[PDB]
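**Q** In case you want the letters, here they are:
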Amino acid sequence: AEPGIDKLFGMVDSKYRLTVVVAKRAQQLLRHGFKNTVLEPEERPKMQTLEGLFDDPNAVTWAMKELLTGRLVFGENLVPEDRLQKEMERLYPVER
Amino acid sequence: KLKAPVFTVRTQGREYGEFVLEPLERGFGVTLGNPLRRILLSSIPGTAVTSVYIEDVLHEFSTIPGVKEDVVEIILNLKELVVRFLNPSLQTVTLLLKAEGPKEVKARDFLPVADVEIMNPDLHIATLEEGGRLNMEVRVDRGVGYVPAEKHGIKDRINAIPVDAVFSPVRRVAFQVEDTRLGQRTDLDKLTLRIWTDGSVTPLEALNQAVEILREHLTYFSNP
Amino acid sequence: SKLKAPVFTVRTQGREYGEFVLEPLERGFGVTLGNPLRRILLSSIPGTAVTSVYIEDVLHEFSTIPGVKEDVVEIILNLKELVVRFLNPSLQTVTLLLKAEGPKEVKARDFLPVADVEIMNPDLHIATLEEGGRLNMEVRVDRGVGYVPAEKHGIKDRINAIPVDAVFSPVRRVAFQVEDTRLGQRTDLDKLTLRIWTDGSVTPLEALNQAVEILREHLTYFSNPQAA
Amino acid sequence: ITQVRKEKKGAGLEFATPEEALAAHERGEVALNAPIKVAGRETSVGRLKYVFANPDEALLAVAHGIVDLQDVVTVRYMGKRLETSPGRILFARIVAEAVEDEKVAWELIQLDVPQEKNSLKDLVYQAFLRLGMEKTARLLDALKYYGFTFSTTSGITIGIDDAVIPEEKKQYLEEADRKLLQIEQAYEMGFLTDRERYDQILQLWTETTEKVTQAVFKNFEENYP
Amino acid sequence: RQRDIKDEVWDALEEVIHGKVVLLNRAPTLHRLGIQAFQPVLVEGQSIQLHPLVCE
Amino acid sequence: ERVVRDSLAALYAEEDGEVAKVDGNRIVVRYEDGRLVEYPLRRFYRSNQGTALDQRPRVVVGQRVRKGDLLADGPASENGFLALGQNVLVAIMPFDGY
Amino acid sequence: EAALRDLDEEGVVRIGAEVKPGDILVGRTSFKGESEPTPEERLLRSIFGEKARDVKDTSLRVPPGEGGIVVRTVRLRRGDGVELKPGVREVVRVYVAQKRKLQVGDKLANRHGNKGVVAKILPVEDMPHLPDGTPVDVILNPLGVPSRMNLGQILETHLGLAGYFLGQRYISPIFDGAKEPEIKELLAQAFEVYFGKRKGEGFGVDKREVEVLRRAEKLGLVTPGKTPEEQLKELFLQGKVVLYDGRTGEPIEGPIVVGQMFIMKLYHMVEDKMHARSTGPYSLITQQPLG
Ligand SMILES: [Mg+2]
Ligand SMILES: [Mg+2]
Ligand SMILES: [Mg+2]
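From first to last, the protein sequence lines stand for chains H, R, A, G, S, V and P.
The end of the first sequence is residue 97 by the entry's author numbering, with every number in the run present.
The end of the second sequence is residue 228 by the entry's author numbering, with every number in the run present.
The end of the third sequence is residue 231 by the entry's author numbering, with every number in the run present.
The end of the fourth sequence is residue 1016 by the entry's author numbering, with every number in the run present.
The end of the fifth sequence is residue 734 by the entry's author numbering, with every number in the run present.
The end of the sixth sequence is residue 682 by the entry's author numbering, with every number in the run present.
Positions 731 to 810, 812 to 1022 (the entry's author numbering) are the ones given, in order, by the seventh sequence.
One chain only, chain H, in its complex shape:
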């Protein structure tokens, strides 16, 4: 089972809302190369290659583990969409 899935289902009024939050967050991490993560270095999900341990590349795994920390905010009408996009570009520039 996904780690913490029972708590994740506990956080939302509809299971489909968790999937929307998780997917939008995953897209946000991919867009900004994970620089906007709320995880601390020791909380970062890892993947064991042959060379050694590196960052887990899967942004959905990241997003779920972030949701479980209480450090994300979700809901409807938090902020206009263009203001949010522009502020995230400001704080965490996208690769060119």
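Hints are computed from structural coordinates only; laboratory data are not their basis.
Backbone N, C-alpha and C fix where the C-beta goes; we use that ideal spot for every residue, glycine too.
Keep in mind that the hints are not guaranteed to be accurate.
What the hints assert, rightly or not - Across the chosen pairs, the derived CB separations fall in these ranges:
no. : chain 1 : residue 1 : chain 2 : residue 2 : range
1   : V       : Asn632    : P       : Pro751    : 36 to 46 Å
2   : A       : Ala230    : S       : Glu734    : 38 to 48 Å
3   : V       : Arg619    : P       : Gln899    : 39 to 49 Å
Let chain H serve as the given structure and place chains R, A, G, S, V and P with the ligands on it in line with the hints.
**A** Below, chains R, A, G, S, V and P with the ligands without anything else, positioned relative to chain H:
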């Protein structure tokens, strides 16, 4: 051909260990894990209560006036006593317990003996009431494996009760073999061994002793 | 009360069969010792095997040969059963040459002798040649361990050579027997008998020995712990 | 691993002191699991003879051949003196470690039954309710692993002599052949129409068939459980 | 080309599937559990390996 | 045997005789009439389903054959008997979920 | 030159070559359809100064998941007693043979309707085995029998056990065949062969055999009081044997039905069925992936 495997240890104090050996050539997971398990459960030297005498108790299924437990329960608590011999010379002690009045007898209340350590002194043995008296002598032997009381049947006096002898310091062994790959070697084994002991011997010590017993037995294929 | 070194007894028939008794052993050690050795004996003993076959005028396995009764698939099946002993421990590979003709039943006897190489089953039937049949073969025999399919190793010394499935193990069968025994006043002790059947390439006792050695070396691997 | 042995040698003997029972067992007169009454206790030899302080001790005894997983015994588990088999203790432990909650695990299982399809489905459901889907998924994988392991070495197989034909069968056929003749006579003398004779033969055979089903299963339950 | 396929490509593939799921489906798809998501484990062999408890 | 025979899954001797030539490719038989009959053997031919049709000789030079005796095994034929698989040693028991 | 290594002078793969997925079986070139190169192509050509050729590669290649050894080529070209449909100048056909070993996912069956896919191929040391060290070949689950009610396969196995040790085969005609008593006689003879061999070779009954006889006595399968040999024989006449687990050396806790069974490999081979796609051809009208 395969590179010597890496041996990985993970311990929690003196009571529990997990041990990991990977990579192994196909099949060697159970080839190593089954003998070592058999040995860890049968041939690691330890100690056990083999006999009990209690003043004014005839047989095992008796009750004790003024003590809350029956004799069965005191013997069960004695089977849980973890005693460690400090001197390889020593082979058997007799530990003595006298107490009375309202009090809860622990394992600490046994009169100490030379080169005899008691790893679990807070272990409950019995509760006594007003006018309750507990006079007992318990025989503690060195040995291996598990011997039912009837098997050894030892008796210093007529009303001494033979006790199932839980010699084994190892309480439980579990192992698992998992497929693993080294590049495009595809059916290699990863052995994970889990060892529970009472604390007198550590898991790691118990394992080193089991591998040593096995190696030693392998030297017997030498001189016809 | 701690039991000590038991007696080791060896009975051998030829180079093919051996019995190895160990007694007395502490209760349960018949299985603790017999079964790891059975696993190693059946899976890990180095041996020899036909790995490749060139036949003149044959392009691939799915063929016939004028004047020969067997198709090539059957001839390769017959060669899979060749037992070849290397007397020199350094030797890794040999090419046996066979050149036969006329009416005859070619057996393994018919290969050309080679220094430090012994065919253990010279009566092995290879092929029935007819009046006018001709057979000219080069068979490559290698040292190896375990079972290596032709698809895996791909050995061809020349262009039209056929790779052959290699089962290197010289061990044909292993049983062990745990019997009741006693020493003085001890009861339920074990008497262990390993029964080892080989092809003669390596004797039962040699197999037992390198099996013991393989196990011993694996026990070495617990020597240098690491923290998780 | 959760069925228990029921034996017949002891056959319901009375004993005064437990040592009389253990001696009778030593002589080969009372089976280890046969129901007896020691001072009207309604116990068995195994429960008196084998008295384990904890699950580890009982399973160590099993590893050494002292008792089998299906032998009924006494074990002390979570401050209770249980009369149960070491196999049912092992099953309790499987649940307990899968779900990492020994107290809830103890509330969840039915300890004094052999585990079968319905009791295992109820366990999965109660676990879902009380512990969530993550722990229930781990419980399910543990049950799979241990069920597969134990079924391998259990000795389950099928030979032609395992389809045991009970004795009663022959009697129930003879009886039937009798009643048939009876019915045939009643038809000869016009007492039954053809349809009635047909319906009665069919009723006879429906009931005989149910009777032999009961006899097959009763034979298994009493003599080859 | 199959004979062009290296070894570190299988390692690269393993990083590609990390934490990802595939959908398995058995027809006829009579209720929603005829489709279920699984984390794939790469195997030699050409068969799909299915967990016992989802067969029903 | 009758299934192998009626389906032409084997070659049989046409009359009594003696085997003159035996090949992976062909069998030559000398019959009582004195005539020398040659039987080409179909080798590694492709069936409609891609399974292999090949005939393998089951006689030797000089062997005496009566009418109807087997000269060659076809596919799924072992000495003239229907051979649709293998005889294997079987244990009936569960095995670890596999 | 590596791609053409096994192509003959005329561009047809040679007899005996091993071909794998991707390899060319027949080289073929086709003239290109009249196309003005996209400006990016014009520039890339100028950068490398290479004339785009006039024909393109349209060769026959070994499809995914196929291959083997080339064993025949047929070459029919026009202008040669050969005439093809209008406009074709030549047809080439290449025959490729594979030897197919049993593998995981192949389908096995017996004549009583027991069928199954191979899920696991175990090394020999993991196989259940007889006291004399003989491993079994295949492990069939008993759960396949009760609800299927095909007990012929059990009797077959019993008689197979007899035949195994007597070196004999049987004809048991339908509804007129071997009955249980005759099979029991044959199993008694086979027992004498299987066990008297041991008693001669200098061995007695194993401790593990004694543990299994103890369990068998509790299961009702053997008469209490008889000797180890007599009880083993009772089991054998029920078609059962003591069996050792190759992973442990410990016996299976009950005696197991063992015997010879006739099993076929069916023409449902996973080699032919496995298939995957990322992208590929689409349909003309619907623009949906082809089937
Ligand atoms: Mg493996
Ligand atoms: Mg007792
Ligand atoms: Mg409960």
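**Q** Any of the earlier hints contradicted here, and which numbers?
**A** Result: hint 1 breaks, nothing else.
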